[PDB]
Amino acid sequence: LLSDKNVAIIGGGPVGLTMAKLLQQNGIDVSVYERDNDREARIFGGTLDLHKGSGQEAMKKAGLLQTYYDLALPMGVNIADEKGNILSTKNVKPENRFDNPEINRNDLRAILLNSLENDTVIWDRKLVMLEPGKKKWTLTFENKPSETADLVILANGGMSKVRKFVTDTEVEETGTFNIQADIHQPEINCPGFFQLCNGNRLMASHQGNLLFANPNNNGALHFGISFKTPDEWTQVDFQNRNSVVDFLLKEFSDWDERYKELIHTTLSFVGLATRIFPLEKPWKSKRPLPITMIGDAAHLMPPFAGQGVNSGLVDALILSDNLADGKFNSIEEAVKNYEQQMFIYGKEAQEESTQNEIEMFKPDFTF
């Protein structure tokens, strides 16, 4: 069905790599083009969890489920107030897989890279332009040679700049904001907070500020602090830790000294406005050549209720199935069938995550 043709996947994130695996095991000629300089670039961020109905099915189909298990870490969850423990959910043996053991993002990338043929991924390839010819797409990469493909699949994350051939829809700010950071040797550097987590992930919520932490992302503590974007903003400079620290200490002034120590001990902060790529309009039905989008490039949405990578791993599973099992007259029809399913579960996910974002940031999230 892709028989004399090649596929370009733009983006080597967890969705794009998984797309590449599911394609390539059915004999399809696929390359992944990834902006990262090389395979050891550090991926900033929290862990990912794969769920039994969805992301784990992608891994199962790719023959990687067990490997995901070996490298992932089941974790309990503690809910605390702006000082003490209000709920402690330890993981039980029936449930350690039950979905969603946590995996570090570089571990998962390495699992997916290792399952691919040599030179599937081409590193240091930032796609900046796409142009449809007669039969193939010309792909333009910053300061590197151009390439062609019969089929382009954008897997290049929520801020993709190269969507216009699929849709004119734009990314939108949802009105919340997230500040993230990593603390190394947390047992040493934020002891009181590290002891509160006590090996579990921790969430706490107070007066419209939410705090999420994982004390054990390959030995580093990762945390995020989220809140409704201040009307005043922008006004904090994430380059200057002092201005981020002043802002956070003001917002957290009520909170126990263990949380403040977390803010004090952080070397640098990454600030990011929450965004959604809304599945609001149908995508374009006149496309000059086959092209589609999966993962956050298709349906970026707030992460607060756990939605995120699982639905992108389902995208990969449904699209590769449609392209391989070839029950369709054409690639075009294969893509359209995928996009139709994806609009349904993708909209359900977005509604739940928008509704959850509203519910959480209500300043009186009791909750």
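Numbering follows the first chain given and starts at 1. Only residues modelled in both forms are compared. Take the two forms, find the largest set of C-alpha atoms that superpose within 1.5 Å, and that set is the rigid core. First, how it differs from the form deposited in another entry.
Fit the rigid core and compare the CA positions between the two forms: of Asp254, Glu95, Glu187, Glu280, just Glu95 moves by 2 angstroms or more. Shown in the overlay between the two forms, fitted on the rigid core, is a CA shift at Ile86 of 2 Å or greater. By the rule of 2 Å per CA over three or more consecutive residues, the rigid core superposition between the two forms yields one shifted run, at 84-98.
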Given for the second form:
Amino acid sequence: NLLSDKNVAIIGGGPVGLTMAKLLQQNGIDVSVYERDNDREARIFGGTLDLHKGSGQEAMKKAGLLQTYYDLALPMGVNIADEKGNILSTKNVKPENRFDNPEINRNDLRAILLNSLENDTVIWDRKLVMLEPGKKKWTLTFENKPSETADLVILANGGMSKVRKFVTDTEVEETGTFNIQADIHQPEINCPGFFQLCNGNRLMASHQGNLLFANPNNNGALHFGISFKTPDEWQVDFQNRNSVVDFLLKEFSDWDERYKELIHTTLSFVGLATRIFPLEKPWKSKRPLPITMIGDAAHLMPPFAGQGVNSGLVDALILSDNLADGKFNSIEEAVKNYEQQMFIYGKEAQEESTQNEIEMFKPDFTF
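For comparison with the form deposited in one PDB entry, kindly provide the form deposited in another entry.
Just the single chain follows, nothing else.
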């Protein structure tokens, strides 16, 4: 290894960072994962993920985890509906379909990942707040915890990473759209009409630049997302479910009872403005010590065309091969190369999601 006598700090034990830690650790590199979450049982809010043949699945295969992912994932069909509840299209799971991109729960994926690492690989309740380039090592500062040091820092702490200044002055941007999400438990009881519309399939619906996306079966809960162009007036407060309900009922008034049932029945809503971390300018080439970024820290992008975790998992695949060698002259060259590649497929991805976001939130969209 170019790492033989050294050690690696991965900031962030998301799917991407945990994957990075796996791939490095099986080449016998010393790696720790510093994670913000309080412990391994922290619930991860969100829909399910799906790993694609060619990308995410490749990373998993290399970790020897594909079969496990297949074991836990649920292949799903997709229904496309109008605001009036007519099914316009059902694409079902077929024999050949089955392994293409089965849905996995985010906690589930993390349990598979965590399980593959040696004990104490991840250090919990570690929120990285500061980063300083020492004599030969990075000094890592954690909120109300003892500082650590590392030879190589890998930022995998997601799209809103505050700790990026040594790589790039690029800032996260809002794209102009906005997402509301909620979970519904016992959906067969709590939103029967809608649960029945979904019929064990995912559902996508579109009316007047308001998108609805639901998975009826995220480990037994209905998860759903509503997306729209951010209202120029931004007026809603996500603390107050009453104010979020009011706004959704006005925006969705045109929609069938069964979609409204969804809003009435939701106890609380997560709001989020869609953000991008653009791969616009090249990153800094004068860097004090070895540092890099993978996943959403590297290339946060709108989620709407199913880009996201797969790109990040490729980043993990590419970087760990790059470092598992007597192939590059130095860690610095192994990072340089990783970033050169990632700029290409990353940029392509970002274009695809950006166009899609423009496409989707046009007045007259048609899936």
